[PDB]
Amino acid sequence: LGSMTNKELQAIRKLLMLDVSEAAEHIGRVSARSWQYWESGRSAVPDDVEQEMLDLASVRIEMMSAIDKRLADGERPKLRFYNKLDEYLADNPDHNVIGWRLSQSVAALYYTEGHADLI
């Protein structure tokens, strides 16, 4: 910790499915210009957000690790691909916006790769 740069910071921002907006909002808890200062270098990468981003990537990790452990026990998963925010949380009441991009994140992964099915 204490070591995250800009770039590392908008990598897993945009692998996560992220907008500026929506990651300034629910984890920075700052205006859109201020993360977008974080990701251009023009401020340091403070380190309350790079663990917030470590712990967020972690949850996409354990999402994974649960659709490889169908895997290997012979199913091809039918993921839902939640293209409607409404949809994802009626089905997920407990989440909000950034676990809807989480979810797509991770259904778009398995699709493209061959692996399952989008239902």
Second form
2 protein chains.
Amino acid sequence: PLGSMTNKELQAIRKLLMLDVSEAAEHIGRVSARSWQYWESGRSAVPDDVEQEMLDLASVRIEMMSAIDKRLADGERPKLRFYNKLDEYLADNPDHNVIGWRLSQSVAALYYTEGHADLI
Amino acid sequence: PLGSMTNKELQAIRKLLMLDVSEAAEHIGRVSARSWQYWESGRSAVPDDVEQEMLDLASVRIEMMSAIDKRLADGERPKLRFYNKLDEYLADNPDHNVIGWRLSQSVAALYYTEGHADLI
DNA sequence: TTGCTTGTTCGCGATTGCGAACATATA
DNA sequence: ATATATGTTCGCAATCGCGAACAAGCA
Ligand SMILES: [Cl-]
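Since we've got the form deposited without the DNA here, give me the form deposited with the DNA bound too.
Complete assembly follows, chain above in first position.
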């Protein structure tokens, strides 16, 4: 199963998690931005650990969506926080980083586009 | 109803549809990129027609997602096409533009991250 | 043994977000 | 009558994606 991530699959999961190339290269791949661009362009294969961390971030996203679903089924119309600046996010989440900020942006954007939540 | 879209809501739906600021400003707002950045930063209100066009694009996304859901319920593991370059997408879709390209990118990324489709 | 692999670094053109200024049309 | 909202253009620092070159680590 692991190790079959294509370059375009990596680009797609990165874009869906709403990560910039530099952010993922610095915090996930722990490599230069050029190496991440090479991975997404097909020059070098996607490392196994990078792929596994992608799936892990996907699972974290699933947890967030599940909490919001719990709130929805209870009759709530959620007012979800969509942090424009990363510093505003880290002021409310000291043990997080830009990865969690982008994940929160993605979940809030999805639940607004679906029409179930308003963003503040 | 129309006119309640905030700046952050516009930014969120734009990023969800995987649109760049320049693309949305050129093809959707039909304004300069500076005016779109002003809209998304809260300098001026989001026009009603731009809002409604956002919602219409969301509906088109729902159409695509429903087609792929039908394919999934039939037992198929979809091999979704993720176009890295816009010219490839337009060569496969003559009557489309960058909006449909970004919509298809977002949908394919969603169905790959969910774990139901492979990208080619 | 060294070709394929993979990473870093540098340079450069293209692109972006934003401040600032200008213009308009309209209440 | 006129502030005010809203669009445009211009310049600029910052950022990004890419080509090309260099280097280490192999198998
Ligand atoms: Cl409701």
